[PDB]
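Heads up, the chain below is alone and in the form deposited in one PDB entry; it's given as structure tokens.
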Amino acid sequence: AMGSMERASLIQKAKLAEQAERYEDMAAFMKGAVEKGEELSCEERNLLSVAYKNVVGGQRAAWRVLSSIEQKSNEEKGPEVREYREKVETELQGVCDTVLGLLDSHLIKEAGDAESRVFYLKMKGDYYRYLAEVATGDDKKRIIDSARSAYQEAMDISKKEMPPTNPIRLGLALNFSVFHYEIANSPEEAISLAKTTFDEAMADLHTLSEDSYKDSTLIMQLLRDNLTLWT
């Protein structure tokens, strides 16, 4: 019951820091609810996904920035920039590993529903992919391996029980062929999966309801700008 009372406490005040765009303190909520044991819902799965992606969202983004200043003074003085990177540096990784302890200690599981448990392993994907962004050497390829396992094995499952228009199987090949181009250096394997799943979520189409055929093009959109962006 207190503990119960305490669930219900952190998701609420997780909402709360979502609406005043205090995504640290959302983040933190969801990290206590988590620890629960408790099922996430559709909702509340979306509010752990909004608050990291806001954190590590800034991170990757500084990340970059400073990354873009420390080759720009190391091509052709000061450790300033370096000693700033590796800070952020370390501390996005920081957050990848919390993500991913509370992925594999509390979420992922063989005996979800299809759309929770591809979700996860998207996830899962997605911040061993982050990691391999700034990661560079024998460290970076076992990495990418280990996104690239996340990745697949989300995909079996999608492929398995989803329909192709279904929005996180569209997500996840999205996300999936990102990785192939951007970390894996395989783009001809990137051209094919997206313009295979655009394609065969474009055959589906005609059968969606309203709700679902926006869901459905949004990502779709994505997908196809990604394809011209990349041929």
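Rigid core here is just the name for the largest C-alpha set that superposes within 1.5 Å across the two forms. Residue numbers count along the first chain shown, from 1. What changes on going to the form deposited in another entry:
After superposition on the rigid core, the C-alpha displacement between the two forms reaches 2 Å or more for just one residue among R142, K160, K87, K109, namely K109. Annotation: Cα of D215 displaced by at least 2 Å between the two forms, core superposition.
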The other form holds:
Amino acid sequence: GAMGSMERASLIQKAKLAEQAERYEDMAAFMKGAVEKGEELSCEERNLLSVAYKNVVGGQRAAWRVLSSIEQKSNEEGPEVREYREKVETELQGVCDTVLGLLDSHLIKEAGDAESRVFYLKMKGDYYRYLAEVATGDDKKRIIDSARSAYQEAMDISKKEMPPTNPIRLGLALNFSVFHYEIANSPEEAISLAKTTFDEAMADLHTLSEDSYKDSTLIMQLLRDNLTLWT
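Switch from the form deposited in one PDB entry to the form deposited in another entry and give that structure.
Only a single chain is listed, so you will not see partners or other molecules.
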């Protein structure tokens, strides 16, 4: 496509340069180009894909939240705030559909190993959850159920194939717990999931090498932060 004439190795190299330069839109385009070469991504490459799209959609979601808040105040006791909120919303939806399309056309069906399978299903739940945050029509329930089904399949695999301290297993639980709280109006399920996830991982920290799990340590702190915010 757009990145069709560039070597896969060059796209990966340029994705890493774009990350160092904080050019996440370029990083996402290079990683989409690399996925479109048709080869399975490695662990480092999967992280590059996720960071690039999480940063792009993160910025759009922050903007949508600001606009939505201004719009809510303007409708209390002109068309511009609504028009601009809809423009941002359509751009955000376009990015989520691009990620969901890559997941469902390339990445998910070819992922056989548990680590990659859970990683891509977590991403599918995340991008359906971002679409649910802005969904307001007769489609909202189906979008929410698509996020739930992706997270649930990922949870089923991670509990069977990964240790409780695996950062992908922990990150999935962190995000599925947030989905329960913010999207599915299930705060009790969100709290139970974060508590059991934290407790199970704490009991398994005895098996790990000292400087090998900085990511799991950071995710465990985020579960604790959410549990403090909610309880």
